[PDB]
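Chemist: Residue-level listing of the chains:
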Amino acid sequence: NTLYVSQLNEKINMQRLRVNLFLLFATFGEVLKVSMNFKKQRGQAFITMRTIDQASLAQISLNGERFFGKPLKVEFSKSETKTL
Amino acid sequence: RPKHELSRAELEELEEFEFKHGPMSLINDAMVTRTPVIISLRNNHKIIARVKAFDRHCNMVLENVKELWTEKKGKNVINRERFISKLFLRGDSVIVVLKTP
Amino acid sequence: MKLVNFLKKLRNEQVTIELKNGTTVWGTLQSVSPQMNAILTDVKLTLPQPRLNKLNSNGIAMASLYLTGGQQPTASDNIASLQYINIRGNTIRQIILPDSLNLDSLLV
Amino acid sequence: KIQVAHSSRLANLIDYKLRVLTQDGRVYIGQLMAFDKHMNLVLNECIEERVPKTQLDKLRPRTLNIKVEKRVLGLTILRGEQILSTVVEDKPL
Amino acid sequence: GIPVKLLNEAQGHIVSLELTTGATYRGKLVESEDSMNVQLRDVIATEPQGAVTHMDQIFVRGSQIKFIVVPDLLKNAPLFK
Amino acid sequence: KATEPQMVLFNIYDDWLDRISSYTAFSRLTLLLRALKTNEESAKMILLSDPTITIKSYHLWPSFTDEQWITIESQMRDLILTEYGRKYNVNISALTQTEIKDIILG
Amino acid sequence: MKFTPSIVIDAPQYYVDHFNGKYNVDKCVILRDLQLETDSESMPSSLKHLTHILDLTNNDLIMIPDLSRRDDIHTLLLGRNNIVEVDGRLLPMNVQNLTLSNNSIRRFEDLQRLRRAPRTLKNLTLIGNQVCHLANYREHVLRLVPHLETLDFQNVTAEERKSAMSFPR
Amino acid sequence: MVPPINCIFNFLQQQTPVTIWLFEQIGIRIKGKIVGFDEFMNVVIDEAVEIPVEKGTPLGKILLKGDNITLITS
Amino acid sequence: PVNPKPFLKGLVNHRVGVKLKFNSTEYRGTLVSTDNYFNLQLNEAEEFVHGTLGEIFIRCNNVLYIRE
Amino acid sequence: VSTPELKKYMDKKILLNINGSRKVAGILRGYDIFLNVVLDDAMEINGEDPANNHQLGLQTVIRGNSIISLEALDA
RNA sequence: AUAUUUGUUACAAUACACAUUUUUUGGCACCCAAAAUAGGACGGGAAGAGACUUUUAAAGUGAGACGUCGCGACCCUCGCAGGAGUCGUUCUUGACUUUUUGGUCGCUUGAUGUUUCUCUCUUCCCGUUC
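As given, the protein sequences belong to chains a, e, z, s, y, A, b, u, w and x, one line each in that order.
First residue of the first sequence: 28, per the deposited numbering; consecutive thereafter.
First residue of the second sequence: 8, per the deposited numbering; consecutive thereafter.
First residue of the third sequence: 1, per the deposited numbering; consecutive thereafter.
So the fourth sequence is residues 3 to 64, 72 to 102, counted in the deposited numbering.
First residue of the fifth sequence: 5, per the deposited numbering; consecutive thereafter.
First residue of the sixth sequence: 1980, per the deposited numbering; consecutive thereafter.
So the seventh sequence is residues 1 to 50, 54 to 172, counted in the deposited numbering.
So the eighth sequence is residues 10 to 62, 72 to 92, counted in the deposited numbering.
So the ninth sequence is residues 12 to 60, 65 to 83, counted in the deposited numbering.
First residue of the tenth sequence: 2, per the deposited numbering; consecutive thereafter.
Do not rely on the hints blindly, as some may be mistaken.
[Claimed, not checked] Straight-line distance between alpha carbons at most 30 angstroms, and here's what the computed BS3-like set of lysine-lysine pairs gives:
| # | chain 1 | residue 1 | chain 2 | residue 2 |
| --- | --- | --- | --- | --- |
| 1 | w | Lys32 | u | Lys79 |
| 2 | w | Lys32 | z | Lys2 |
| 3 | z | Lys9 | A | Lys2016 |
| 4 | y | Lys79 | b | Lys48 |
| 5 | y | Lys9 | s | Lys79 |
| 6 | A | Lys1980 | e | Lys106 |
[Unchecked claim] Some, not all, of what chain a presents toward chain b, calculated at C-beta under 8 angstroms:
| # | residue |
| --- | --- |
| 7 | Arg45 |
| 8 | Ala53 |
| 9 | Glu57 |
| 10 | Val61 |
| 11 | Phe95 |
If you are wondering where the hints come from, they were derived from the structure by calculation, not from laboratory data.
The C-beta atom is built at its ideal place from N, Cα and C for all residues, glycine as well.
Work out the full structure: start from the sequences and follow the hints.
Modeler: Given below as structure tokens:
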């Protein structure tokens, strides 16, 4: 379900970043969590989706996609999310 | 004598006395005798109203009451009159109530 | 005697609750609490226009009126229409009840 | 929008997102949880919306767009003295 | 009532206060009574016009309180069962 | 308010008879006497309709200049005109003075 | 099927989008893969329920139009929609974002539909549209957008906004 | 500890003159000799003068309501 | 050592002025009766702020002070 | 019903705001259930600290209704 | 071999109690002033000028004060875990303890609300109305 992003623009703000992420991930499926709880930034964001299929699709399509200068490294999460 | 000592009926006799003999007897005698009363609210708007009913808190039911309110801006005055057939009035707004002759 | 017990028998009647703000509420009346908390159903609540060379109305009542979410954008004058407003008792000033009902039956 | 039960008291409605009006012209929107005898109530996720003085002038009679400055304050407890009227915004999850 | 009992459940935690005078007192809640008058410890104060100061101890009258902001994790607290 | 049998004297005519001639005032009385039955509640609605009006202490009738009273008796007739009319089903235009008197007197 | 009132009523308005506002509606059985071929008709059934966000993603909609006055609505997600033109006067003061990815909007058709505004939206995504490819498309989009906070995830550069304003003058 | 109404009783029997501030809306302050009081902190003042806020006019023996009381100051 | 309530019991049917808290208006008249809350009834009152008023009822919350 | 708990405050110099405008500072003496607070050596604080400040009386009592916030400047 | 109904007890819950400084029988109200006709008004954006400010003729638009979240960065910073651990108990629950990114600086005018004082015209573009 969850997709752990990495290698993104740290210079952008938190809320804005979250919004951007939401915008990105709405095409694949219904995004349950807007932004990662830790909010460390610099790539580390967990895009929580309703469906696994949607998540998979996202992983497939947005692997190395141009988001704020740098290519985002998509990957599946190790542990399941608290909301899911 | 404080009110918390009295029993349930002694409060009823106390309220009967306060309405019959007391300040609010001005309103009570006004309700029975069908004498129109003048009421000034805090708002500053005065109603000429006949009192159908009244109560401890002074909230009262008036029928055919006429409301008189004036307003001024930079010393330019206008007098406005508003007629309502039925009124229930909450008693906290009133200040002075007089019984017309 | 508590005269609020009268209002309890006025249920399901068209009424205006005219508040301390000057805000007036036309609506169908539902159960009135012993503290005179008055709960209505289909209500059009507004503020009168003092004319007087367009003297400024209540500034707090306009904000409280737009903040009900019921004021529609295209209303020329200042009004709002909404369902289910619940009004605290101490806010009421006057209540204008309909002309049809008879008091002699209800005031007992 | 939303139709509230024709007879529904403050006890009947719980967890509905409400819209609360105070004496000062500000509004607290959020889920109601508890309330009390004197009607001071507890909102879960609440945002106070306010009307700008320039916005208030715009509201005076002549499509209007008001900029309503609002700030988010979670799990508050209001005071019955300040509350003026209450309206229903949404229905529970 | 539950609303006051939740305020008693918030003792020893950072809370926010809005007085009807317009000020804002945010700080740690030491005491609270059933009259809603509370006393707060090591509290940052915001005057109605925005000037912010700091005071170590404060006692406020409950009648003058407007809203109280309580830590969110008290939402699921057993009072609401 | 009387719990005992007694004789009490009051004047039905009050102001109107004092203002207007005696033949006409009985007629204005009879226009009223028919009417208050047809005015179940609007009587106090129409008689008090001008709130400036007050009832004199000795008198029973609302004391007034008598122009609205001519309007009051006319409105009241129309309430009698429709209530007599609706039961038999007559148009308001079909109503004539000979019918209007037959409504008044019958 | 076609976007009716019944469908709207049916739609799951329980799970609120917690990023901003409340009531993230998804029209029909599911707005994601609803297949609304015609324009978004029967918008009045929602009645401005609630930054109210509506997800229309994976649907057949040709035109971004036919809305009822929605005061709340702040977010539109329209991804995988065959949008061609989105000209309207209903949703003007309202709305803070618009996601238009993977649609059919023209570079000139998108520019024409808005007609320009002194202030509008705040977040906009036009990605995977034919128009974005078009030469000077970013400059044209910035000039059309008039006021804008974003353009396909990258903010119009302050200097770019100044140069675009000069082009407009 | 000195309860406040005890202190007021010490204003009654000690016959000390007191100045008393009213609410900020009224704009006058009263001063006189506090004689006796009730549970509601409404007090009778003998030989009281009302000063606007020293040409104020003398009042009398006057009962003053406790609702408008702000300060009672010697 | 007179307290307020016996002070009102001693001022019955005497000429008393009462200053309200608002306009600095005082009603000058013969007191009739008082309630527990110190509601006031007056006869032959006159409003000073100039007029003459037959009978008066004054609610307790609006009075500022009572004098003779 | 319940007495307010000032018990740690008494005998300590305390500032408290009377109404919207006012701020009085004095050594707290006693208090009651309505919060009526009697204190001694009262001083009315103003913008200019030494200048516009003027003492009130040897003993001053305050109606609890006009009390907004009470801060102790002290241990 | 043939879950429903009836009675009792408890809990939740609605209708009958309180006008005296801590919530519901009010410290209430007031700044004041601005459109009328028979191509025309009104709003928004951009430019010019007057009058304002600053320097010794040349530069932008009523002025001075709290905060609020933001545009840049010559900086810091590793990078995948509201939850976490323990014990009881059996395939995920309770009881007891540890405690939020942003930590900052400019703004060569972010962008924007309070509060005091004093006194706009011209041109173009876009919407509404007759």
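Chemist: Starting from the hint list further up, note which numbers the structure goes against and sort them upward.
Modeler: As far as the earlier hints go, not one is violated by this structure.
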